[PDB]
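Trainee: Let's have the full structure, built from the sequences with the hints guiding it.
Residues per chain, in single letters:
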Amino acid sequence: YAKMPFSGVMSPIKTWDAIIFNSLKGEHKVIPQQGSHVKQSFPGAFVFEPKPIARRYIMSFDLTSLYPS
Amino acid sequence: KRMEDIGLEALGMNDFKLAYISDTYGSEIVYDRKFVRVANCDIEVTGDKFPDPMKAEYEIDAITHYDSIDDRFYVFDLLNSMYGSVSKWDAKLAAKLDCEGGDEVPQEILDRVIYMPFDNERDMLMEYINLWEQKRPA
Amino acid sequence: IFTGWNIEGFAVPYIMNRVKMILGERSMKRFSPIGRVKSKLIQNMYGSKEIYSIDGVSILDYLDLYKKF
DNA sequence: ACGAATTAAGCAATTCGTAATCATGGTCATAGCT
DNA sequence: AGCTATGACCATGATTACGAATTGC
Ligand SMILES: Cc1cn([C@H]2CC[C@@H](COP(=O)(O)OP(=O)(O)OP(=O)(O)O)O2)c(=O)[nH]c1=O
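Protein chains in written order, with PDB author numbering: chain E, 347 to 415; chain X, 71 to 208; chain L, 209 to 277.
By construction, these hints were calculated from the structure, which means they are not laboratory data.
Where hints are given, some of them may not hold.
Simulated pairs of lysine-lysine, DSS-like, Cα-Cα distance not exceeding 25 Å [claimed, not checked]: (1) E:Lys360 to L:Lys237; (2) L:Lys228 to L:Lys257; (3) E:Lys371 to X:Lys87; (4) X:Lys71 to E:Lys371; (5) X:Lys125 to E:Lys375; (6) X:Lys71 to L:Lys276; (7) X:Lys71 to L:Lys246; (8) X:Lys119 to E:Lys360; (9) L:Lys276 to E:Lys385; (10) E:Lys385 to L:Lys248; (11) E:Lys385 to L:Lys275; (12) E:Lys385 to L:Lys228; (13) E:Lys375 to X:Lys87; (14) E:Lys375 to E:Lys360; (15) E:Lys360 to X:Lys205; (16) E:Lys375 to L:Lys228; (17) L:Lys275 to X:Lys71.
Pulled a few chain L residues facing chain E out of the computed Cβ check, cut under 8 Å [stated by the list, open to error]: (18) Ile215; (19) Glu233; (20) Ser247; (21) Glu258.
Label-pair restraints from in silico Cβ distances [stated by the list, open to error]: (22) X:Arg182 to E:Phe388: 25 to 33 Å; (23) L:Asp272 to E:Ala400: 54 to 62 Å; (24) E:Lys375 to L:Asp272: 16 to 24 Å; (25) E:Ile377 to L:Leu249: 48 to 56 Å; (26) X:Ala109 to L:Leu249: 38 to 46 Å; (27) L:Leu249 to E:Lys375: 50 to 58 Å; (28) L:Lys276 to E:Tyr347: 53 to 61 Å; (29) X:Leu201 to E:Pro414: 29 to 37 Å; (30) E:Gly390 to X:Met196: 53 to 61 Å; (31) X:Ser138 to E:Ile377: 33 to 41 Å; (32) L:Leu249 to X:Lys87: 25 to 33 Å; (33) L:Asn252 to E:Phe388: 18 to 26 Å.
Each residue gets a CB set at the ideal place from its N, CA and C atoms; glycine is no exception.
Mentor: And the structure:
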C-alpha cells in the first residue's frame, strides 16, 4: 500500500513517510529535506482522580480515535 | 553532501528504493498471496550445554523447513553424531497414539512432509544450501 | 568571537529557535558566514543544553570561560 | 565535554522491591524494694 | 526469692527516594 520494502513495516516512521511522499508526488509536489531536531518530552494525555469507593451505576463514553480527529 | 556543505536544503527522497518503486509502478498494486514465497524454519541442536549461535560449536541435528508455494515440509535428519548415532524416522509411527509409542502428529500434515536423511552434517548442510538456492524465499 | 554571560545556555539557543520558528530555516542560517549552523543535544547536568554551533564564528560562552580560567 | 558519526511509534500510571533512615515494641538485663 | 520500673538491644515498623515491570488510553 505504501510502495515500500517489506521490512520497513516494522518502523511506522518509514511507512508514514512513504505514503505521505506518494500522496504528495501524485499531486506534483516536493517533500522537504530531513532536517534536524532534538529529543524533547511534551505533556501527554489526561487522566482524572477517581475516589476509590464503590460506584453502583456508571455510564461510559468515548471519542472515536481522538488524535486523528 | 556538497549541498549540505553549502547549507541549502536538498528536497526529495534521500532513500532511492521507494523512489524507484513509485517511478516503476505509480498506479495501485494488485498482488497475490500464493505467488509470494513465504518460508518457515526450525532448528534443533543436541549438546551437553546450551548451544550458542555466536559460536555454533555443536552440530545441527534436526532441520525442518516449510515452504508456501509448494506448501511442503522438508525434514533433515542426521543418523550419526558425536553426541549419539540413531536410526531413521518413520512417518507412520509418528501418527500413532502416545500410548502405542506414537507421537500424535496429524496425518494431514504428514501428507506434506518430505524426508531426506543424511549420515553427516556436511551433506545435510550442502543439501540445505542447494535447496535454498533452488527455493529462494521471499 | 560571539560572547556573553551564559550565552550558549540561553541567548544563542533562544535566538536560533525563535528565528527558525518565526522566519524559517533559511533566515536562521544567514547568521553563519557559510550558512552552516547545527544543533546538538548534550545530556549532562540534567541535560537540556542544546549547544548550538555556528560555522564561521566562534562561540566562547563566558560562564565556562570564567569558570575554568 | 568534545569523542564526531551516526538509525527508526508516543506518554501517564500503578505497584513492588531495594536501600537509607528514623521511631519504637518485646524482651532481656539491672536493679531496687519488699 | 520475686514483682516491677527502666535502660539496651534487637529486631520490627514506618516513611522516602529510586529502579523496574506492567497496563492503557
Ligand atoms: C491503543 C493506543 C491508543 N493510542 C491513542 C490514540 C487515540 C487514543 C485512543 O484511541 P484507541 O486507538 O485506544 O481507540 P479505539 O480502540 O480505536 O476506539 P474505541 O475505544 O474502540 O472507540 O489513544 C495510542 O497513542 N497508542 C495505542 O497504542
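Trainee: Is it true that the CA of E:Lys375 sits at most 25 Å from the CA of L:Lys228?
Mentor: At roughly 23 Å apart (the allowed maximum being 25 Å), L:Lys228 and E:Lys375 satisfy the hint.
Trainee: Next item in the hint list is L:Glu233. Is there a CB on chain E closer than 8 Å to its CB?
Mentor: 7 Å, holds
Trainee: Does the Cβ distance between L:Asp272 and E:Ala400 fall inside 54 to 62 Å?
Mentor: Taking Cβ atoms as reference, L:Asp272 and E:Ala400 lie about 59 Å apart, which means the hint holds.
Trainee: For E:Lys375 and E:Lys360, compute the direct alpha-carbon distance and say whether it is at most 25 Å.
Mentor: At roughly 19 Å apart (the allowed maximum being 25 Å), E:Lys360 and E:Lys375 satisfy the hint.
Trainee: How does the Cβ-Cβ distance of E:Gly390 and X:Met196 compare with 53 to 61 Å: does it lie in that range?
Mentor: Holds - the Cβ-Cβ distance for E:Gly390 and X:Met196, about 56 Å, lies within 53 to 61 Å.
Trainee: Going straight from one Cα to the other, do E:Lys360 and L:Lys237 come out at no more than 25 Å?
Mentor: 28 Å, violated
Trainee: Keeping to a limit of 25 Å between CA atoms, is the pair of E:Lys375 and X:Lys87 held or broken?
Mentor: Roughly 19 Å separates the two Cα atoms, so the pair holds.
Trainee: When you check the alpha-carbon spacing of X:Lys71 and E:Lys371, does it fall within 25 Å?
Mentor: 24 Å, holds
Trainee: If you check the beta carbons of X:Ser138 and E:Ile377, does the distance land in 33 to 41 Å?
Mentor: 36 Å, holds
Trainee: Take a look at whether the Cβ-Cβ distance between L:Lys276 and E:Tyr347 falls inside 53 to 61 Å.
Mentor: Because 57 Å falls inside the window, the suggested range holds.
Trainee: Tell me if the straight-line CA distance from E:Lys385 to L:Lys275 falls inside 25 Å.
Mentor: 28 Å, violated
Trainee: Between L:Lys275 and X:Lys71, is the straight-line Cα distance small enough, at 25 Å or below?
Mentor: 38 Å, violated
In summary, the structure is inconsistent with hints 1, 5, 6, 8, 9, 11, 15, 17, 18, 22, 24, 25, 27, 29 from the numbered list given earlier, while agreeing with the others.
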